[PDB]
Amino acid sequence: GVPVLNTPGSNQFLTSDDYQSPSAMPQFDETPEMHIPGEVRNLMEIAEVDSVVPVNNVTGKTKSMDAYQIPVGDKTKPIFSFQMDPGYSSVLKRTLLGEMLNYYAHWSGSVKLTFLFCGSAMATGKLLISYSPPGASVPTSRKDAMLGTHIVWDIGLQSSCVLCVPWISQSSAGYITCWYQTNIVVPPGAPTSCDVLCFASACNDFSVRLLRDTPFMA
Amino acid sequence: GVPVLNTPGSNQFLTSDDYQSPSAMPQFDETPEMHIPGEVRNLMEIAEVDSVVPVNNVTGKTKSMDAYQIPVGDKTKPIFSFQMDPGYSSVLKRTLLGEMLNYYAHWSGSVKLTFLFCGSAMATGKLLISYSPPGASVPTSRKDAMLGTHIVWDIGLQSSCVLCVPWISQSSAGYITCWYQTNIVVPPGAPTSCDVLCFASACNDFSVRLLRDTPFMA
Amino acid sequence: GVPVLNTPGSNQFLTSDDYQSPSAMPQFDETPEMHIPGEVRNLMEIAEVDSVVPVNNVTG
Amino acid sequence: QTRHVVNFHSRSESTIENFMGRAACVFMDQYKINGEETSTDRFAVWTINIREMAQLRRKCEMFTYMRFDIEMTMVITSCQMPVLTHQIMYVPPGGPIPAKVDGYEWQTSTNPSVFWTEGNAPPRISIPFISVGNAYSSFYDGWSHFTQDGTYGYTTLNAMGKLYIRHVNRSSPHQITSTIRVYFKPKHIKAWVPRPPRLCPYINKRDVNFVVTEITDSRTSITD
Amino acid sequence: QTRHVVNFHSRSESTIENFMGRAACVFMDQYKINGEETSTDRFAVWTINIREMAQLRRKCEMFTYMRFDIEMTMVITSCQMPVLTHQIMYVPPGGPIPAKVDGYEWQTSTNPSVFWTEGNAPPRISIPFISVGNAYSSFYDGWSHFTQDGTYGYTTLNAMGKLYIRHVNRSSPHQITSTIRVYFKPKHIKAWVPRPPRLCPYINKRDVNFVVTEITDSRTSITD
Amino acid sequence: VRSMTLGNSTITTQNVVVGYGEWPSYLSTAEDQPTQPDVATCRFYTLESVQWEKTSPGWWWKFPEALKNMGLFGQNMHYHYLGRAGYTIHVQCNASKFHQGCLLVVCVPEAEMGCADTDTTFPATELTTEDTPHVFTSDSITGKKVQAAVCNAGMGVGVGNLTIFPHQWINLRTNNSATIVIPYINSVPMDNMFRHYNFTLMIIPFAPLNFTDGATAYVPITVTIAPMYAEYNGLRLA
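Residue numbers (the working numbering), protein chains in the order written: chain A, 1 to 218; chain B, 1 to 218; chain C, 1 to 60; chain D, 1 to 224; chain E, 1 to 224; chain F, 1 to 238.
The following block holds chain A by itself, in its conformation from the complex:
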């Protein structure tokens, strides 16, 4: 019949191939597909969902829900500060963003952060959210944070300030520090100490290349 000749690679089993498998049950006709709500067609649709970031993950507050709460209410040291990279960072590694990025080796994109102030409706103050570029050093003072990139976030007007941090990739990252511009001003009835929740997702669109096994599972 047809003269064929087997190339190198015949009668082998490459694990990652896409050949036509001979079906064991050919007569069998499978169940018709109904419409089920909430289809996922791409993994990066999970990374685009905001989720609470455990910024206050200090040594004794990680098995409770005090990990998610940033205590607000000393103006010389910042409120919080963390590396801005969803991989290899204790704060952003178990986020929905940071967990769908540990399945991959090459990823690059931007990341948006939402700071929801969960204090009273009468508490009023200012917080200064500074961003350092990936090469720069952290601000040691509030003035040195003001001279860089910042957003003086008035709490009494808006209760949710949104960032969008670019240049986030791996294959020495940024910083999101936060400072007391003013103290929390509060009437006699409302409580003095408040909390700030944080969030993280993919800002506009996220690029991600090389799939691997996750490190968390043992």
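Be aware that a few hints might be false.
Stated by the list, open to error - In silico DSS-like pairs for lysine-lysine, Cα to Cα no more than 27 Å straight-line:
{"no.": "1", "chain 1": "A", "residue 1": "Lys-63", "chain 2": "D", "residue 2": "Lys-205"}
{"no.": "2", "chain 1": "E", "residue 1": "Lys-162", "chain 2": "B", "residue 2": "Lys-63"}
{"no.": "3", "chain 1": "F", "residue 1": "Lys-145", "chain 2": "B", "residue 2": "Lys-61"}
{"no.": "4", "chain 1": "B", "residue 1": "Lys-63", "chain 2": "F", "residue 2": "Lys-97"}
{"no.": "5", "chain 1": "B", "residue 1": "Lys-63", "chain 2": "F", "residue 2": "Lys-54"}
{"no.": "6", "chain 1": "B", "residue 1": "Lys-61", "chain 2": "F", "residue 2": "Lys-68"}
{"no.": "7", "chain 1": "B", "residue 1": "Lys-126", "chain 2": "F", "residue 2": "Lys-54"}
{"no.": "8", "chain 1": "B", "residue 1": "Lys-126", "chain 2": "F", "residue 2": "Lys-97"}
{"no.": "9", "chain 1": "B", "residue 1": "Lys-143", "chain 2": "B", "residue 2": "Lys-112"}
{"no.": "10", "chain 1": "D", "residue 1": "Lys-32", "chain 2": "D", "residue 2": "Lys-162"}
{"no.": "11", "chain 1": "E", "residue 1": "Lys-205", "chain 2": "F", "residue 2": "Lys-54"}
{"no.": "12", "chain 1": "E", "residue 1": "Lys-205", "chain 2": "F", "residue 2": "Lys-144"}
{"no.": "13", "chain 1": "E", "residue 1": "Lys-32", "chain 2": "D", "residue 2": "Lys-32"}
{"no.": "14", "chain 1": "F", "residue 1": "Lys-54", "chain 2": "B", "residue 2": "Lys-61"}
{"no.": "15", "chain 1": "E", "residue 1": "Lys-205", "chain 2": "E", "residue 2": "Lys-162"}
These aren't lab readings, by the way, just hints derived from the structure by calculation.
Dock chains B, C, D, E and F against the given chain A, drawing on the hints supplied.
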């Protein structure tokens, strides 16, 4: 199904084949190609670049940069003389021309030579550059070199004389000798002894067929 | 993929076959054919040439 | 390593078929050829489920509902004769199982089986979407038996079958101990209802029970 | 030999794909099958790089930047039984490596591996352009760690992966010593920024260090 | 005679070798956004003049970080960790009419140099001394430093066939000035300016300087670099 029959040569591994290799990472999408300056699309684009030829490669002057310098400034013996073949010639075997030709067994083409006079701007003389055909014998005198092919290269007018030597191939070659037509005439201020650099490349287009392993590497 | 089945005569070496041999030097481009005088395209062009016949081939 | 300009724009490797559809070894087992005519060590079983090893199990728990064809390719070895021929019998969810290597179930016409002889390419058997419902459920917050009886969390919709494997050779002069490695692969996979990733380590292969684990790794202060 | 009229006009053999794209043996290694359950002599490694043997290394140093798919075909032998089946596991640059022949890394779904049984055609596995950048760099005049730390000349962009090779057979009655010959081949190769050829001999396989060599072979006088 | 000016730096010049036939250009994304300084950066940075005697074997500079203390370009290297530029390089020689000699002015992208005694490395301050040039040597040397013998310039290649790169001959018989434009050759669009040396301007005297007992005993070689189309990463939020 389809009646096939395996020919002789099935299930063998010919080293030089061009078969469709089954890709191990099919899902993987490779990095987009940016434009990088200076693309090579053919090896003979390296042979067409001029490069300095160590004509003065005598027994004690090959580990210094005195190999490249032809001393100018006795009219009975020639200044320099060498075989005109980029293979199996000590002068032209480590040139960019002569080194991309040792990767091949069959090559044929022409070769151009540039003689850059690196003396003073006041030194003036004449040099007679004779060419012997691949069968002919070398000229023993200046007159016998004048009766063949030559170019009386006036240094005081132009400082760079270009040749183009044809019939250069292997699968008993020419000669580029050089003679004192006149001595180097020099004013009282300028130095008396000068140098002449040489160059070599492919003249118009170069033909080359059978790839092999280079002899230099051990 | 394509369901094939090997017939009798697979993986054999018939001496007189005309199959596509895998070329060992694929990059190699052979020398161009010049015109050489006196091409033979058929053996019976040799038989049509006269030649002297040894009729007197006696024992000595 | 150093931080490079990772400049490209692609999410083709983040789709569901390029995330789940990867072959992974899910079942090693030994099975002899001779001796002990009534023994359970002359064949393999492996009830097919996604909760086999925790690396793949974690990926299937990104999503609540998913449907997919499976295309497994076995890799069978041998130790210690003639040329050996094997049999990999897939029984459907409604199917009789053998009790011994010489049971009559092995001859059931409704149980498809491949007869792979040693030396060739590995045997590949593909199984369509069997389930009664419209998708396989990774999680089932419900009770199998009505009125809150036993067996929490186990629905019968996400039953995929079993995979009985034996030598077809009746006997041998010496002992031959074959090893099989089943390479499971989802194919033509769709997935619904995303779900947060697993945080705690896995305890058992039929339940969701866990030990309370910390959220993230701890650091010294909030500002360092 | 004699000087003939070498009359033809061709430079198809001087293109980059017809100059670099040639299969050359770059890795011989031995690996046993049994004994020494915790040993490093039961599998092979070969971190994939172009700086393997000096004959090929010299050709890749004609050019500063180049990008190419690689398509290697192993040639596996054996000495001293059953029919043997091997496993050639390519791990990507981001990939876990085995420490022993029985490590769990061998079962990683993201590490593609071929299971070649003895007697068939040689196994062929093809790997695309992996690198993070836009080309592989033959030379890197720079430091891996910022602020001029150690490890000169080694960038992480030109990392290609590794190639772990073992027997899949768990044991054997006698000793079997297999030999593998990896045939590396660049494919679909582009090359930028030409570069002068190497003059001095090579010292070490991870650096450009050299001994000062003479330019050409010496002759007696300038005129002979 | 053309008096070029860029910003607040004017030089006086007297044909350009565009490296690899390409003129430097900008990179043209909201995920990563470059900043184009344009202001300053493009001015002429004249290095210290280099005296070329009869026994000088050569010099080399390693860029981009040879300009690490040169004004705003050397200050934007500390604030941005990614960048790229073009580096128009003028090389005058202003010798007399009775001096003779010849120079090879070549740029050599990715000049990975070799240690002097192999089996070890060099302490990273031997490749570059910012502004000042490391000279070559006439013979072999030992010690934990760069094998700076000419005939094997840095890379173990022949020094004669170093002409494959963007080059220019300065023959004092004919000309005195050289100019080379090097359009950022690299495998990644932007890279750090302290880790990676994009190219190595090395000036190598093939024909040695010569003169008589009345002339000046040296010829000062003047090097001038203009970083063109320098762009950096973004520091602002998106």
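Evaluation of the provided hints:
The straight-line distance between the Cα atoms of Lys-63(A) and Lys-205(D) is roughly 25 Å, inside the 27 Å bound, and the hint therefore holds. About 40 Å separates the Cα atoms of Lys-162(E) and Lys-63(B), which puts this hinted pair outside 27 Å; it is violated. A distance of roughly 25 Å separates the Cα atoms of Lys-145(F) and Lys-61(B); the hinted pair therefore holds under the 27 Å criterion. Distance restraint check for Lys-63(B) and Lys-97(F): the Cα-Cα separation of roughly 31 Å exceeds the 27 Å cut-off, and the hinted pair is therefore not satisfied.
Distance restraint check for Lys-63(B) and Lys-54(F): the Cα-Cα separation of roughly 18 Å lies within the 27 Å cut-off, and the hinted pair is therefore satisfied. Our distance criterion of 27 Å between C-alpha atoms is broken by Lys-61(B) and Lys-68(F), whose separation comes to about 39 Å. This hinted pair checks out: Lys-126(B) and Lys-54(F) have alpha carbons roughly 26 Å apart, not beyond 27 Å. Using a Cα cut-off of 27 Å, the hinted pair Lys-126(B) and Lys-97(F) holds, with the two alpha carbons roughly 20 Å apart.
Taking the CA atoms of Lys-143(B) and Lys-112(B), the gap is near 24 Å; set against the 27 Å cutoff, the hint holds. Only pairs whose Cα atoms come within 27 Å are accepted, and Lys-32(D) paired with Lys-162(D) is accepted, the gap being roughly 19 Å. The hinted pair formed by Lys-205(E) and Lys-54(F) fails the criterion: a straight-line CA distance of about 38 Å is larger than 27 Å. In summary, the hint linking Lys-205(E) to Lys-144(F) is supported, as the alpha carbons are separated by about 19 Å, within the 27 Å threshold.
A hinted pair counts as satisfied when its Cα atoms are at most 27 Å apart, and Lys-32(E) with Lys-32(D) qualifies at roughly 24 Å. At most 27 Å may separate the alpha-carbon atoms for a hinted pair to count; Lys-54(F) and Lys-61(B) meet this at roughly 17 Å. For the hint pairing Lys-205(E) with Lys-162(E), the CA-to-CA distance comes to about 16 Å; that is within 27 Å, so the pair holds.
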